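Novice: Model the full assembly from the supplied sequences, consistent with the hints where possible.
Spelled out, the chains give:
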Amino acid sequence: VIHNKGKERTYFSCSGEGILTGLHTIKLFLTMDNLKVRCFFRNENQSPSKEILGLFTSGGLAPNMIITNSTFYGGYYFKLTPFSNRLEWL
Amino acid sequence: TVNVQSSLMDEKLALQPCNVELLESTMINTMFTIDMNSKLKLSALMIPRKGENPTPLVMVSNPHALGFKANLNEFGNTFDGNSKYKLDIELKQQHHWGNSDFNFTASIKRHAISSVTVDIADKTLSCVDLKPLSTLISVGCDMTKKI
Amino acid sequence: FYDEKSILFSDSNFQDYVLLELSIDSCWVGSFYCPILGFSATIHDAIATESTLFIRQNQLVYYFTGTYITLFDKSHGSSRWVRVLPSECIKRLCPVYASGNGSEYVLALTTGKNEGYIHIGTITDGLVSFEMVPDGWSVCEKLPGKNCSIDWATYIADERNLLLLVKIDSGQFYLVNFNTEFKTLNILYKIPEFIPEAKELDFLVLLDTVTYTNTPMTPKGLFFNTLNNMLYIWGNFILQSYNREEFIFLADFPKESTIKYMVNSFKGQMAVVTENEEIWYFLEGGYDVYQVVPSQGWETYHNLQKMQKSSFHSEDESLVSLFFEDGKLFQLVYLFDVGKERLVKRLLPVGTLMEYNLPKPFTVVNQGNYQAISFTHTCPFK
Amino acid sequence: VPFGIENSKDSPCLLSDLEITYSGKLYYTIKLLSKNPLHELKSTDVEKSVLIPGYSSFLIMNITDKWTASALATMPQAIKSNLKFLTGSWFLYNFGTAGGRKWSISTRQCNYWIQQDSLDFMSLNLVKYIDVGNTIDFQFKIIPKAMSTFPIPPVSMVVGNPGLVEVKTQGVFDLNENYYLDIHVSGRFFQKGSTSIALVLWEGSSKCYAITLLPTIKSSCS
Amino acid sequence: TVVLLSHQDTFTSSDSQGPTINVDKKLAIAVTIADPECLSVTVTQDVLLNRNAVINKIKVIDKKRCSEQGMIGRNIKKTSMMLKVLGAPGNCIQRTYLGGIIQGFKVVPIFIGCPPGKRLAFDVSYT
Amino acid sequence: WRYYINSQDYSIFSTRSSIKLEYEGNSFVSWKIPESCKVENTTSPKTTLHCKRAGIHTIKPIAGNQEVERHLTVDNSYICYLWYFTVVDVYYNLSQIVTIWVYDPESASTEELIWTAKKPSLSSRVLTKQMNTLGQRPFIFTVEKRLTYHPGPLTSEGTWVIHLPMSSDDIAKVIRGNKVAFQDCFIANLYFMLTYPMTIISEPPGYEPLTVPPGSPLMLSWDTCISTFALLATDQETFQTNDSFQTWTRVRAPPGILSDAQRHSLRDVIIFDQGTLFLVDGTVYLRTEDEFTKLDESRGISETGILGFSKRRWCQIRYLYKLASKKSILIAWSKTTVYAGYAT
Amino acid sequence: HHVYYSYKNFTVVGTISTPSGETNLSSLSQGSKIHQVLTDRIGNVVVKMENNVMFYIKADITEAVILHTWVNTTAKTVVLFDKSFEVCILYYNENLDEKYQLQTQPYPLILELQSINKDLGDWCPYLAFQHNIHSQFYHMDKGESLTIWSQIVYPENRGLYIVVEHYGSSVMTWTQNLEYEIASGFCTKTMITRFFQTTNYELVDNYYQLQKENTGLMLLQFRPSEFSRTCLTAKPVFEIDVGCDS
Ligand SMILES: *[C@@H]1O[C@H](CO)[C@@H](O[C@@H]2O[C@H](CO)[C@@H](O[C@@H]3O[C@H](CO[C@@H]4O[C@H](CO)[C@@H](O)[C@H](O)[C@@H]4O)[C@@H](O)[C@H](O[C@@H]4O[C@H](CO)[C@@H](O)[C@H](O)[C@@H]4O)[C@@H]3O)[C@H](O)[C@H]2NC(C)=O)[C@H](O)[C@H]1NC(C)=O
Ligand SMILES: *[C@@H]1O[C@H](CO)[C@@H](O[C@@H]2O[C@H](CO)[C@@H](O[C@@H]3O[C@H](CO)[C@@H](O)[C@H](O)[C@@H]3O)[C@H](O)[C@H]2NC(C)=O)[C@H](O)[C@H]1NC(C)=O
Ligand SMILES: *[C@@H]1O[C@H](CO)[C@@H](O[C@@H]2O[C@H](CO)[C@@H](O)[C@H](O)[C@H]2NC(C)=O)[C@H](O)[C@H]1NC(C)=O
Ligand SMILES: *[C@@H]1O[C@H](CO)[C@@H](O)[C@H](O)[C@H]1NC(C)=O
Ligand SMILES: *[C@@H]1O[C@H](CO)[C@@H](O)[C@H](O)[C@H]1NC(C)=O
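Note that the protein sequences, when read in sequence, are chains S, Y, R, H, C, D and V. Per PDB author numbering, the first sequence starts with residue 22, numbered consecutively. Per PDB author numbering, the second sequence starts with residue 367, numbered consecutively. Per PDB author numbering, the third sequence starts with residue 256, numbered consecutively. Per PDB author numbering, the fourth sequence starts with residue 611, numbered consecutively. Per PDB author numbering, the fifth sequence starts with residue 765, numbered consecutively. Per PDB author numbering, the sixth sequence starts with residue 51, numbered consecutively. Per PDB author numbering, the seventh sequence starts with residue 494, numbered consecutively.
A couple of the hints might just be wrong.
[To be verified] Calculated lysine-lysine pairs in the BS3-like style (CA-CA distance at most 30 angstroms, straight line):
1. Y:497 with V:682
2. D:82 with R:615
3. D:179 with R:445
4. C:823 with R:522
5. D:169 with R:445
6. C:870 with C:827
7. R:454 with D:179
8. V:576 with D:70
9. S:28 with Y:497
10. S:100 with Y:475
11. Y:458 with Y:405
12. C:828 with R:522
13. R:397 with D:179
14. S:26 with Y:489
15. D:96 with V:576
16. D:195 with V:635
17. C:828 with D:377
18. D:110 with V:682
19. H:694 with R:561
20. R:564 with H:690
21. V:635 with D:110
22. Y:407 with H:751
23. V:682 with Y:407
In short, the hints are calculated from the structure, not lab data.
Specialist: Printed below as a string of structure tokens:
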């Protein structure tokens with residue numbers, strides 16, 4: 022982990038459906054029900070694309086969610102699924 | 367005999383230099399076999415350009431039959447100051463990782479083939495002699511096995 | 256110190272000091288045989304060896320040995336200054352910077368009486384004993400000329416070799432070697448009169464046949480480093496030798512200046528102080544001497560110490576002396592600040608001085624329709 | 611970067627020789643040796659600096675003749691004699707306000723990188739718990755993207771209430787000037803409290819994303 | 765081991781004539797031995813032109829000569845050896861915070877004899 | 051015009067080297083040199099040049115007739131000195147003794163520069179003993195078989211004495227040294243080839259000269275492995291040498307063997323260690339310190355048809371020595387037939 | 494009157510042409526005929542006419558270079574190699590002192606060629622070509638293999654590689670493994686070539702005939718992909734013979 026390495030771009034767009042903020046940033050909210058989110062890789066096309074999902078799935082790549090706190094580290098993996106129907110990761 | 371590496375320097379074309387300095391491994395020489403309940407480890411060494419930041423990715427031909435976990439870690443730097451990155455790939459059968467769905471794994475009784483490739487996602491042109499690393503992996507019978 | 260029998264006594268390394276008036280009776284031991292010179296109460300040729308310290312006052316040599324319980328018995332320590340070599344007249348007292356064989360040495364050069372001989376004094380466990388090494392015969396016997404005078408000497412603790420430069424009645428200087436273990440001396444070198452001339456030579460190996468300028472060559476002293484077996488003969492010049500057989504004349508030291516003394520690092524560096532009070536620096540790797548203190552880089556560094564308001568730097572100052580401490584050149588200097596005048600030990604960063612020497616080969620390079628001054632690098636490696 | 615010197619077209623004075631004489635008061639008079647008229651000095655050149663590397667620099671400000679000028683000097687102690695420069699020996703720079711102000715002061719780019727490869731230590735804010743006799747060890751690497759203050763370490767660290775925490779720090783430089791520091795944190799005796807150890811890149815500019823790191827050490831039940 | 769980083773365009777095409785580039789023409793590493801009868805200094809050379817790096821490995825070996833059977837400090841002989849880069853001393857300065865350092869030059873003193881800290885003891889437990 | 055350098059080794063060539071400029075012509079004015087270089091006596095046609103600054107320097111002699119200008123590349127180097135060796139071979143012990151010393155081309159004697167010298171000069175002796183006391187020793191390394199021969203201590207006169215066998219299998223040797231520099235100058239490794247000495251044909255009195263036809267350019271033939279053992283056939287006389295023509299000996303034929311025009315009509319010459327071959331008007335003659343037969347049909351050569359003959363140009367000594375079955379060392383041809391000549 | 498060339502196993506055959514293109518070396522020499530041609534190991538060839546004007550050729554280069562005049566048009570000279578491989582010029586004249594008839598003076602061919610080049614403007618496409626072929630003869634028995642390490646460093650995208658050429662009996666096998674790196678505006682292409690025998694002799698019939706079929710001699714050379722004049726590299730040529738030392 023290089024802290025000042027530099028990050029000049031954002032690549033994903035996640036949404037909780039339940040609530041959100043300018044999609045520039047991705048903020049989620051917990052309630053009693055399960056936290057279910059739909060996320061898609063963002064490239065020069067801002068809209069969801071069924072080609073990028075197909076590429077990353079045909080390589081065997083799926084996104085990871087990393088939840089961190091002062092004293093916590095947790096990881097949640099998006100289950101690999103065929104891109105025949107899914108337009109974005111869930 | 368056209369020498370494309372030299373032709374990709376015409377000022378009219380105005381290409382951009384390759385962003386990776388080195389990408390090497392011994393995995394390209396031989397093919398590998400994965401038998402039932404077996405796994406293997408592959409290694410590559412990559413050095414980026416002084417200023418550029420290339421993103422390496424690892425892909426497999428058959429994701430239904432083969433699953434991989436790849437780790438990129440920095441270990442020391444060269445004399446010019448470029449950091450050298452070691453990429454370690456743990457490869458095994460898809461059903462054992464557990465992130466795959468029941469329809470994605472598609473059984474385990476059948477043998478299959480795949481090919482694992484370490485590449486650069488944002489590689490430019492002029493990256494002619496810096497070809498991606500590729501290796502063929504057969505998830506099937508181990509010939510030296512005998513009873 | 257001008258006209259007082261006072262010394263600067265300091266523990267640590269001149270980080271602190273005390274000025275003392277010595278308890279010497281300052282008696283007069285002038286005699287008919289002993290050459291007559293004006294009585295001056297100053298202390299000269301101060302030597303400080305482990306557990307003992309020698310001084311010379313008007314051709315009298317005294318020593319005082321401290322009581323070091325950790326080193327030896329308390330009976331060895333001396334209660335008052337003990338004069339050694341009563342009968343002789345000692346014109347100069349020469350140091351030996353190495354201890355060979357669990358002992359210390361100091362050399363005493365005699366004038367007028369027994370001019371051919373020299374005294375070597377061994378200090379072992381706080382006990383001091385002197386002896387004339389040429390024994391029955393003097394060195395003037397084996398040298399051409401009616402009579403000779405030993406004008407400086409060094410002693411090599413290893414090899415039991417005593418290098419001494421001898422002036423003949425004619426005026427010529429010979430570098431002679433006397434082996435103390437045996438009783439045989441042989442003439443190592445015959446210092447040439449007049450300074451050899453070198454137009455485009457940075458160094459000149461003094462071969463038998465060379466052209467000679469018409470400025471006489473006056474040697475003042477010599478110094479021998481035993482780690483690399485390197486011999487320097489200094490004076491109006493500098494001569495460097497690796498095997499005492501063939502000498503190399505370093506043509507960067509001007510023949511106009513004369514060297515007052517020489518300071519060595521015993522780690523590859525050496526400093527030179529002249530009568531004009533200008534310090535020169537010598538690196539044993541190269542054949543070059545650099546003038547450090549009167550120079551552009553020193554003016555820059557002194558001005559920076561003014562801007563930073565350093566407490567060690569003043570507009571008006573006088574160099575008391577300089578010495579090497581663990582490979583760093585420390586000079587103790589008296590600042591003549593109004594009201595807060597004080598003696599303090601400052602540092603001479605010679606690397607910094609060389610880095611700021613500023614006229615340097617440069618060229619006008621071109622940048623974006625603009626031209627800028629790019630200095631030309633001189634170091635062979637980045 | 612070297613900086614750009616004055617061009618010949620902009621000022622033709624450089625195509626001549628230079629003579630400096632300390633004038634009677636404090637103005638070192640600049641004099642052009644060549645009496646040739648296609649040179650001389652336009653009046654555009656005032657509020658300009660003539661310099662010679664290895665000598666003082668003079669700010670030429672007053673034009674009193676077709677071939678001479680009046681200037682002050684930085685480090686005037688260094689002169690002490692007439693000085694003669696030849697053509698390309700002396701240069702001219704323009705840092706004056708006349709005709710715009712070319713020079714500007716701004717902030718610099720992030721020059722440092724902080725590497726912490728240990729997991730759960732990567733997050734900027736972290737709280738560690740120490741029990742009685744327990745010890746927390748961690749290591750950081752600092753890569754300087756530029757020159758570095760090599761004799762002295764690039765990281766300065768302070769502790770909040772050092773009375774309940776003893777800290778042992780080890781720092782090592784390497785060939786490439788990267789700086790490795792290991793911090794070992796232990797409690798003194800049986801008491802509870804919290805302290806914050808802050809590691810600050812004093813040299814680093816205000817533009818880096820991460821300059822200071824503020825771990826919190828708690829003596830308590832995790 | 766000394767690593768020499770050269771400038772960008774120190775080596776040109778003319779330096780390669782035989783099996784190896786003639787590095788010693790441009791960038792030379794030299795050793796000087798005082799008392800060479802009982803010390804051997806061997807220099808091994810490697811060059812990386814892409815990285816502009818010259819790796820020199822200097823091995824200093826005692827020749828089982830000089831000194832003799834003695835008691836720790838009693839038989840020790842003082843010597844030294846010089847390692848330098850030709851043309852570097854005086855010209856090369858390493859500029860750091862708090863000043864500059866002389867570079868391209870080093871003298872290492874070597875004492876040949878019975879080192880301090882060697883002792884022989886009578887092992888009563890095993891005995 | 052032209053120029054000369056003291057050292058044939060051009061690795062030594064540097065800024066410190068002096069270049070001897072010589073101009074031959076009817077009219078001469080001066081020398082035009084850059085500011086980076088200093089010439090002595092710029093008006094004299096023969097002079098010396100010193101270029102203290104590295105670079106490419108343009109030199110041209112200003113003269114009445116048109117002259118060309120040369121761009122000399124002078125590069126500063128840390129290689130400055132050279133090895134010098136004198137070899138004396140003993141057949142009884144089947145070995146050879148080589149004495150080695152360091153010499154500086156800028157300050158060596160003339161007989162050292164032309165390699166005639168058999169003793170070190172004063173400057174070379176001083177340099178050699180200094181280079182010794184800093185710790186420098188030469189060792190001889192055989193290229194073909196990696197064998198190293200170490201010297202003894204320095205002699206009273208500065209020389210290192212080494213013993214070698216007369217192997218005859220490895221003839222290419224390199225004399226090398228340690229990384230010790232005197233005053234920022236190294237010593238360049240020397241490549242040489244020494245073997246069994248080769249003896250040239252002597253000239254008994256009363257013998258007759260052998261010449262090429264008048265107006266024909268003089269021809270040369272040198273030994274394939276060890277040059278400097280060569281044979282030069284001229285229009286006036288035929289010379290043979292063991293060294294690079296510092297000393298030579300006339301090669302002459304016994305009286306009455308062949309006619310005067312026949313003597314003046316030789317067309318090709320080849321040199322071997324055992325003998326030499328002359329092609330005279332289409333026939334071939336063997337010359338030896340013993341006897342001067344013409345090769346005839348009895349030996350397997352035709353007579354009066356031989357256009358020419360040739361030998362191997364490249365030194366394959368190792369393979370041919372190990373071959374264990376001798377093969378042809380000569381080939382001759384006659385416009386119809388090719389003859390493959392063996393030894394003897 | 495002309496110089497002809499054949500390069501690369503007779504695939505490039507032709508006539509050497511002067512830069513002007515006149516291709517007739519006698520025309521540039523004022524009616525002179527070619528008198529002598531010298532070739533050495535480095536690969537550079539000197540053509541001397543009987544008028545004493547010299548032309549320079551380089552192996553695998555189809556362009557000659559005329560050199561500045563050096564010898565009086567009437568001197569009777571030849572060109573020969575001295576103890577080392579440098580060229581020297583020997584002068585012969587009648588009516589001299591019988592000791593000064595044969596005078597040898599060196600000829601700095603490389604500096605003359607460098608001056609001509611600085612006029613012309615040629616450059617070398619690579620800066621370094623390195624190898625470990627230190628000897629010319631390589632003998633080995635059945636179980637032995639040899640590894641040749643070579644390297645070339647060139648500008649960043651100038652597509653260059655190392656060419657290995659063999660001539661003779663192909664009894665051996667090759668294994669080439671190369672490492673490609675880019676750094677500081679240069680490309681380094683290291684290469685390791687291992688030569689070995691893969692034949693097994695145990696419990697096979699026809700032992701002597703097979704042994705004869707695996708015995709032989711072959712010739713090998715390593716060289717850069719493209720080169721010209723101004724390149725001083727000496728192309729390494731060596732032999733490998735499989736068979737017993739005896
Ligand atoms: C250097 O350059 C030379 C030539 O420039 C090369 O030498 C050449 O090598 C070739 C083989 O490597 C020679 O070609 C022939 O190849 C035949 C094998 O190919 C088969 O030929 C049969 C014919 O029945 C066809 O049906 C098949 O489809 C194959 O194509 C060899 O059999 C042949 O050997 C004999 O040739 C004579 C020619 O009349 C026949 O009469 C005889 O029956 C037999 O077939 C021959 O080897 C080619 O001749 C040869 N050239 C020369 C001038 O020697 C080198 O390989 C090059 N070296 C390098 C390192 O590049
Ligand atoms: C082969 O035979 C020749 C002559 O038969 C040998 O030449 C002689 O070899 C000795 C050996 O060192 C040379 O050195 C002498 O050594 C003694 C002490 O051993 C020393 O007292 C002498 O002053 C001298 O240094 C001797 O000078 C030399 N003779 C000549 C005329 O040079 C040769 O050594 C033999 N080599 C081999 C390998 O068999
Ligand atoms: C070097 O110093 C030692 C003492 O540390 C000398 O040894 C003594 O020499 C005196 C005079 O000959 C004897 O009376 C003592 O018995 C010696 N003591 C010992 C312990 O040996 C030694 O002589 C000095 N060097 C030489 C070679 O004389
Ligand atoms: C399995 O794949 C089918 C094919 O698209 C898909 O519709 C279905 O949702 C997947 N089932 C699960 C449990 O992921
Ligand atoms: C100097 O400048 C002032 C105005 O700043 C001007 O009045 C004066 O004339 C100038 N000096 C001379 C000598 O002209």
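Novice: Take the hints in turn and mark each one as holding or not.
Specialist: Hint check:
Pair hint residue 497 (chain Y) plus residue 682 (chain V) holds up; C-alpha atoms about 14 angstroms apart against a cutoff of 30 angstroms. Between residue 82 (chain D) and residue 615 (chain R), the direct Cα distance comes to roughly 29 angstroms. Compliance with the 30 angstroms bound is thereby established for this hinted pair. Restraint check for residue 179 (chain D) and residue 445 (chain R): satisfied, since their Cα atoms lie roughly 19 angstroms apart, inside the 30 angstroms limit. This hinted pair checks out: residue 823 (chain C) and residue 522 (chain R) have alpha carbons roughly 20 angstroms apart, not beyond 30 angstroms.
Annotation: proposed proximity of residue 169 (chain D) to residue 445 (chain R) holds, straight-line Cα distance about 26 angstroms (limit 30 angstroms). Distance hint between residue 870 (chain C) and residue 827 (chain C) is fulfilled; the C-alpha atoms sit about 22 angstroms from each other, no more than 30 angstroms. Among the hinted pairs, residue 454 (chain R) with residue 179 (chain D) is consistent with the structure: their alpha-carbon atoms are about 26 angstroms apart, no more than 30 angstroms. A distance of roughly 22 angstroms separates the Cα atoms of residue 576 (chain V) and residue 70 (chain D); the hinted pair therefore holds under the 30 angstroms criterion.
Of the pairs offered as hints, the one joining residue 28 (chain S) and residue 497 (chain Y) holds, with about 27 angstroms between alpha carbons and a cut-off of 30 angstroms not exceeded. At roughly 22 angstroms between alpha-carbon atoms, residue 100 (chain S) and residue 475 (chain Y) fall within 30 angstroms of each other, so this suggested pair holds. About 4 angstroms separates the Cα atoms of residue 458 (chain Y) and residue 405 (chain Y), which keeps this hinted pair within 30 angstroms; it holds. For the given pair, residue 828 (chain C) sits about 26 angstroms from residue 522 (chain R) by alpha-carbon distance, which is consistent with the 30 angstroms threshold.
With a CA separation close to 28 angstroms, the supplied pair residue 397 (chain R) and residue 179 (chain D) stays within the 30 angstroms bound. Distance hint between residue 26 (chain S) and residue 489 (chain Y) is fulfilled; the C-alpha atoms sit about 20 angstroms from each other, no more than 30 angstroms. A C-alpha spacing of about 28 angstroms is found between residue 96 (chain D) and residue 576 (chain V), which places the hinted pair at or below 30 angstroms, so the restraint holds. Annotation: proposed proximity of residue 195 (chain D) to residue 635 (chain V) holds, straight-line Cα distance about 21 angstroms (limit 30 angstroms).
Restraint check for residue 828 (chain C) and residue 377 (chain D): the C-alpha separation of about 53 angstroms exceeds 30 angstroms, so the hint is violated. For the hint pairing residue 110 (chain D) with residue 682 (chain V), the CA-to-CA distance comes to about 44 angstroms; that exceeds 30 angstroms, so the pair is violated. Proximity of residue 694 (chain H) to residue 561 (chain R) is assessed by CA-CA distance (about 28 angstroms); at most 30 angstroms being required, the pair is judged to hold. Among the hinted pairs, residue 564 (chain R) with residue 690 (chain H) is consistent with the structure: their alpha-carbon atoms are about 24 angstroms apart, no more than 30 angstroms.
For the hint pairing residue 635 (chain V) with residue 110 (chain D), the CA-to-CA distance comes to about 63 angstroms; that exceeds 30 angstroms, so the pair is violated. With a C-alpha separation of about 28 angstroms, the suggested pairing of residue 407 (chain Y) with residue 751 (chain H) holds against the 30 angstroms cut-off. Between residue 682 (chain V) and residue 407 (chain Y), the direct Cα distance comes to roughly 27 angstroms. Compliance with the 30 angstroms bound is thereby established for this hinted pair.
Checked against the numbered hints given earlier, this structure breaks hints 17, 18 and 21; the rest are met.
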